[PDB]
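J.: Residues per chain are reported as follows:
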Amino acid sequence: XXXXXXXXXXXXXXXXXXXXXXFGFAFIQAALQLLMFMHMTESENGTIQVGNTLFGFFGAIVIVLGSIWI
Amino acid sequence: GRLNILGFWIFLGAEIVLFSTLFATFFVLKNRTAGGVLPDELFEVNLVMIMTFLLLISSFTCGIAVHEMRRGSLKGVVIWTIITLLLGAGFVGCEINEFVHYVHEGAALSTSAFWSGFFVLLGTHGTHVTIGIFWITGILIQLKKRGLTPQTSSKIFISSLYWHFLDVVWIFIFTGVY
Amino acid sequence: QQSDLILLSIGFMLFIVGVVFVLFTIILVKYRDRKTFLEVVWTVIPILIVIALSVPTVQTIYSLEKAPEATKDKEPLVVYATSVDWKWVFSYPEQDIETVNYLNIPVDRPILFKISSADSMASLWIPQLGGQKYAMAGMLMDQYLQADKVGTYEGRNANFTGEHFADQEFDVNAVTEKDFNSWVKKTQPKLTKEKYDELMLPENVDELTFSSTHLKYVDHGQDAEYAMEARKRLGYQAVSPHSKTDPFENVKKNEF
Amino acid sequence: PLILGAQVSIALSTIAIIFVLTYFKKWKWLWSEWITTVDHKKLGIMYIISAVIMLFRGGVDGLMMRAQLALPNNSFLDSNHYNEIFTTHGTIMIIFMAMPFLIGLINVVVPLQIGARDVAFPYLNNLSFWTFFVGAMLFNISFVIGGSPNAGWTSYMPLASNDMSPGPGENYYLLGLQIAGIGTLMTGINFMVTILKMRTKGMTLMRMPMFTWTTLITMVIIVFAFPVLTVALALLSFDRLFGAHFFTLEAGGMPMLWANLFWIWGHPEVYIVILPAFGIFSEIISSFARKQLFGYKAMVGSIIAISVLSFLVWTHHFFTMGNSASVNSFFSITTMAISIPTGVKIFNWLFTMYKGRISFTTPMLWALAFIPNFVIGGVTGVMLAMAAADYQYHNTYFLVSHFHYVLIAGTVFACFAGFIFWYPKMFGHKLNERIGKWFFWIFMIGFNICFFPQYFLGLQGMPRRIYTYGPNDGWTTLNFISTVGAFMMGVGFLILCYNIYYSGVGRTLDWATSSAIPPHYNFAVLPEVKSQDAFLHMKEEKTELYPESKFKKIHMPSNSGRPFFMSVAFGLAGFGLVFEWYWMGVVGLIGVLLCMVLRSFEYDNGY
Ligand code: HEA
Ligand code: HEA
Ligand SMILES: [Cu+2]
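Quick note, the sequences are listed as chains D, C, B and A, same order. Heads up: the first sequence is residues 0 to 21, 48 to 95, going by the entry's author numbering. Each residue of the second sequence is one higher than the one before, counting from 20 in the entry's author numbering. Heads up: the third sequence is residues 16 to 50, 65 to 217, 221 to 288, going by the entry's author numbering. Heads up: the fourth sequence is residues 14 to 516, 530 to 633, going by the entry's author numbering.
Only chain D is shown next, with the shape it has when bound in the complex:
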C-alpha cells in the first residue's frame, strides 16, 4: 500500500530523464535510486547496512570523476 506511492513516483523520473535529452542530469540518476532503496535498509543491522553503501559511491565519483580528471 505504502510502497506503491514511491513506485509510481519512480516512473516519472525516467520519463523526465528522456525529456532532458529528447549535474542537472547527473543528479536525477542518483535521486532515482534513493527512493528505490530507502524502503529496505534501517534498522537493527542498519547504520552499518546503509553505511556500507555510502562510501562505495564515493569511489564511483573518485574512479569516474578521477579517471575523467586525466
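These are computed hints drawn from the structure, not numbers from a lab. Be aware that one or more of the hints could be misleading.
[As the list claims (entries may be wrong)] Subject to a maximum C-alpha distance of 25 Å in a straight line, what follows is the list of computed DMTMM-like cross-link-like pairs (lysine to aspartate or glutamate): (1) A:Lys-310 - B:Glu-68; (2) A:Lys-358 - A:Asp-536; (3) A:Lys-210 - D:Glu-69; (4) C:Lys-163 - A:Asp-486; (5) B:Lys-264 - A:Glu-263; (6) B:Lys-264 - B:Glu-287; (7) B:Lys-178 - A:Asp-536; (8) B:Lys-215 - B:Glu-68; (9) B:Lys-215 - B:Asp-238.
[To be verified] Quick look at which bits of chain B chain A covers, simulated, 3 or more residues with Cβ under 8 Å: (10) 40-50; (11) 89-100; (12) 116-124; (13) 181-194; (14) 226-233; (15) 236-244.
The C-beta atom is built at its ideal place from N, Cα and C for all residues, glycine as well.
Start from chain D and add chains C, B and A with the ligands according to the hints.
T.: Below, chains C, B and A with the ligands alone, put in the same frame as chain D:
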C-alpha cells in the same frame, strides 16, 4: 537472526566499485572509434528496457513488504515472486536480440574500442541479471519439503535485495551510456 | 639538473628524521631494562614538514610545463621523438633530417621534444637532462630540455622490459652553436620509405644517419596502429619457445 | 630451457613422493578433518604454509636474480628467463606470499581476540582459501607446463598482448589473480561481519584493542579494492582471450586505461599488506612492554585516515606520463597527506614502550627492528611523493630500494613477528630463543647492504629491470654489494627451516585460552571483558576463569566437501583458458558449468 543479510550486503557494496570501474573504463573510452562505426542505437528500446525494469522493482518493493511483512500472504509467494521472475527474462531476451541485431555493423568487442566497453559494461551487467533469475528460482524450490516462514527463510530477502541492486546501475547505465 | 637542488636539500631533511629516531630509542631503552596532551600538541609540526614541500614542489610542477631550463620565449626548436621496440627514433621537422639511437643538441637552446612511441610505451630518461616523459603510443607528449656544460650525456629508457629493452642505451651529446650548423649541413642518405618499415623489428642496430624526415608517414604521433602494418607486413610475430628468428623472410640491417 | 627440465622432474618427484609416503590412506584424516574443514583455526594455517612454500619459490628466484646481477657481463640468466623470473618473484610475494601470510595471521589471531566461535560464514571462508590456492598452483604451474609471464607484476597493456607474444604467459597472471581475487574478496567480507556482529558481551567497539582494529581496516579495503582487480583483469582477460579492445593499440583503445584501473586497485591494496602488519606489531610492542597503548583518540582515529586517503593518492604511480599538471600536484600534495596519518602511528609505539619495562625476547627483536627499517623506506617514499622530483628517480632502483625497505620491514617482518610470537598457538612449546636470535641478526644485516647500495645504485645511474649494467664510472661494486647482501638473506631461510625441525607476557585473549593449542569451540564461555585489555585485568585483578556447570551446547558448523570441488572448477577453467585455447575455451566453459551447479548446491544444502 541471520547475519548473511549483512554479509551478502557488503558484497553488494563491492559491486558499486565493480561497475564504477567499468563506468570509468567506459567514460574514458567514450571519444574513440577513430576508425569504425559511430554509435546510433534505438531509443524506444531503451525506455522499454528501463520502464520494464522500473516496473520490475515496482512489483518487488511491495513484493515483500505487503507480502511477508504486512499480514501473511504465504500463498502469494507463487504469485508475486513468479510474476517478478518473468520480468527478469524480459531484460535478458531484449538485450540478447539487441546484441544479435548489433552483429549488423558493430558486433561484439572487435569492431571498435568503444563497443568493447559497452558489451562489457552491459556484459557482466547482463550476467548479473541472468544469474539472479537462477537465484530467485533457486529459492522457489522451498515450498515443497521445506516451506519456511518469514524471519527464517532469509534466502528470499538476501536474493531479493541483490536483485534490487541491479536497477541501481541499470539506471546509471541509462544516464551513463545514453 | 634543475630538481637536483631538491634532491640534495631534501636529502638532509630526512637525514635529520633518521637521527631524530636514534635519539628516541638509544638514549633510553638501555637505562630501562630489568637487568593526550603530547599527541594533540604534536599536530603542529607534521604539516610544517610537508607544507614546506607542498609549496615549492607545486611551484615546480607548474614550472616544467612552460619553457623551462633554456632562456625566454625565443629559439623554438622542435624534435619529434618516437620509440619503437628497443630502438629510439628522433626526427627534426625544421629541415628534412632524422636520426636513430643518437641525438645532438646545441647547448643553451630550448628543445621541444615531441615524445611518442611506435609499439611499446617508453620514455627518454637521459640522466643528465633530469626529468623524463613517457612515450605514449597514440599521442605526442611535449617536453623541453637543455644542456648544462659541454659533455657526454648518457641516455636510457624507462625500460619497460621486453627481451631487448636493457640495451636501449642511446648516447646523446651537447655541443656549441657553431659546430651544430656545420654538422647539420654536412649530412645533406634519405628517407628510403621501406627502411623506415625495416625499423619496427626489435633487434640491434648501429648509427643509421638518414638525411630526410619521416614525419610524412601518418605523423606516427597519431594513429599508433603502425604495429600491425609494421611487424606483420614483413611476416613476423615472435613467440617464446622455438621457431623465432623473426619467423623467416629475411631483408634487414642487423649487427656484425 | 636446461634448468627448467630438472624441476619438472622434481615437481613430478614431489608429486610422486606424496603418493607413496603420505597416501597410504587419507580419506579419514586428509579429507575429513582438513581440506574441507570449517574451523577458522585450521584455515589460517594453510594460508601461511603456502607463503613459506612461496618463500622458497620466491627465494631461489630472488637469489638467482641478484646472483645474475652480481657484476656486469654476467651470463647466469639471459634476457628472457629473467623477465619471467623477476616477474614470478614479485607476484609470488604480495599476492601469493604476503596476502596469504597476512590473512593467515588474520584468519587465526583475530577470531580468538574477539571471543567469538568461528567467523561469520565459516563455510564461505573455506572456499576463500582454495580460491587463492588454485590461483597459486595456476601461477606456479607456469614453471615448465607453459611459460611464466614476463611483463612484471604490473604487466602494462602495450607490452602484454601481441607486442609481448608468449601465449601462456600473461594468462596465468590474469586468470591466476582473477581467482585469488574472488577468494581474497570473500576473506574481507567474512571478517567485516565477524568483527561487527559476533563480538562477546562487554567487548566495546572503541577498545578491542588495536590490532583487531587494523584487521578491521584491512578487511574494509579488500571489499572496495578487489572488484576493480576483478574487472581490470577481466577486461584484460577479455583483451587477451575473447578479443576485446579495451586497451589494445590496434583498434585504438587507450593503452594507459589499464594502468589506472590496476592502480585504483594497486595502492589501496598496498595498504592491505601494511595494515595487518601494523596491527601485529601493535600488540607485541605493548605486550612484552607491559604498558598501555597510550593514544586512541589519535591512533585508531589515525587508522581510519589512511583507509580512505588511499583512493585519493593512487595516481602517484603515474606522474611520468605527463598528466594535467594540476592533477599531478593534487595527488602530490595528497600523498604527503598520507605520510602524516601513517606518521603518528610510529610516535605511538615508543611512548607505550617508555616508562614501561621490557625483556628482549625473539618476537621483541622483530618489533625492535620494525621501527627503523620501515621509516628508512618511509623517508624515501616522501621523496617519491614529490612529483616534481619523481621524474628523475622514477624506476631506477631508488624506487626498488624505497619499497623493499617499506614492505619487507613492514610485512615480511610482521609475517615473521606473527610467526614466532603466536607460534605456541599452533603446536606445543615454541621456537628456541637463543638460536632463533641467530636467524634475526643475519637476515637483518643482509637486508640493508642489499637495498641501501641500491639507493646509491639508482641515484648514480642504474635503471631497473636490467640484466647488465656495464662499466659506468666504476659503479660495479655498488651492484655486487647489493648481491652479497641479497645472497646473505638467503642464508637464514635454511636456519628458518632448521628451527622448524624441532618437531610469555600476554595482555589480550592470546594465552587466555584453556591451555596451549586452543580447542575447536574456542572458549567455553564468552568473556565479559568490559575493559580495554582483557588478560591483565583477568590475572592480577581477580582471576575469572571457565567455571564448570556454566557450559552449554556446541556450534555444529560441520564440513561440506563443496568448497574444494568449487575451487577446482575455478582452477580447471582458469588453467583451461591459459594453456592454449586462445579464442574460446572447451574446458573453460565447464568450470563455469561446475561452479554454477555448486552455487545451486550453495542454496540447496540445509544445515
Ligand atoms: C613481499 C615483497 C618482497 C619480498 C619478500 C622480496 C624478496 C627479495 N627480493 Fe624482491 N621484488 C619485489 C618485492 C619483494 N621482494 C617486487 C614487488 C619486485 C618487482 C616485481 C615485478 O615488477 O616483476 C621485486 C623484484 C626484485 C628486484 C628488482 C629487480 C630489478 O629491478 O631488476 C630485486 C633487486 O635485487 C629483488 C631482490 C630480493 C631479495 C634479495 C629478496 C630476499 O627477501 C630473498 C628472500 C628469499 C628467501 C627468504 C629464501 C632464500 C632462498 C634460498 C636460501 C634458496 C637457496 C638454494 C639454492 C640457490 C639451491 N627482488
Ligand atoms: C606496504 C606497502 C607500501 C606502503 C605502506 C607505502 C608507503 C608510502 N609510499 Fe610507496 N610503494 C609501494 C608500496 C608501499 N608504499 C610499492 C609496492 C611501490 C612500487 C610499485 C611498482 O612500481 O611496482 C611503491 C612506490 C611508491 C611511489 C610511486 C613511485 C613511482 O611513481 O614510480 C610513491 C609515490 O608517492 C611512494 C610513496 C609512499 C609514501 C609517501 C608512503 C607513506 O605511506 C609512508 C609513510 C611513512 C613516512 C611518511 C615516514 C614515517 C613518518 C614519520 C617518521 C613522521 C615524520 C615524517 C614526515 C613528517 C615526513 N611509494
Ligand atoms: Cu602508491
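J.: Would you pick out the hints that fail for this structure and give their numbers low to high?
T.: The structure breaks hints 4, 7, 8, 12, 14, 15; every other hint is satisfied.
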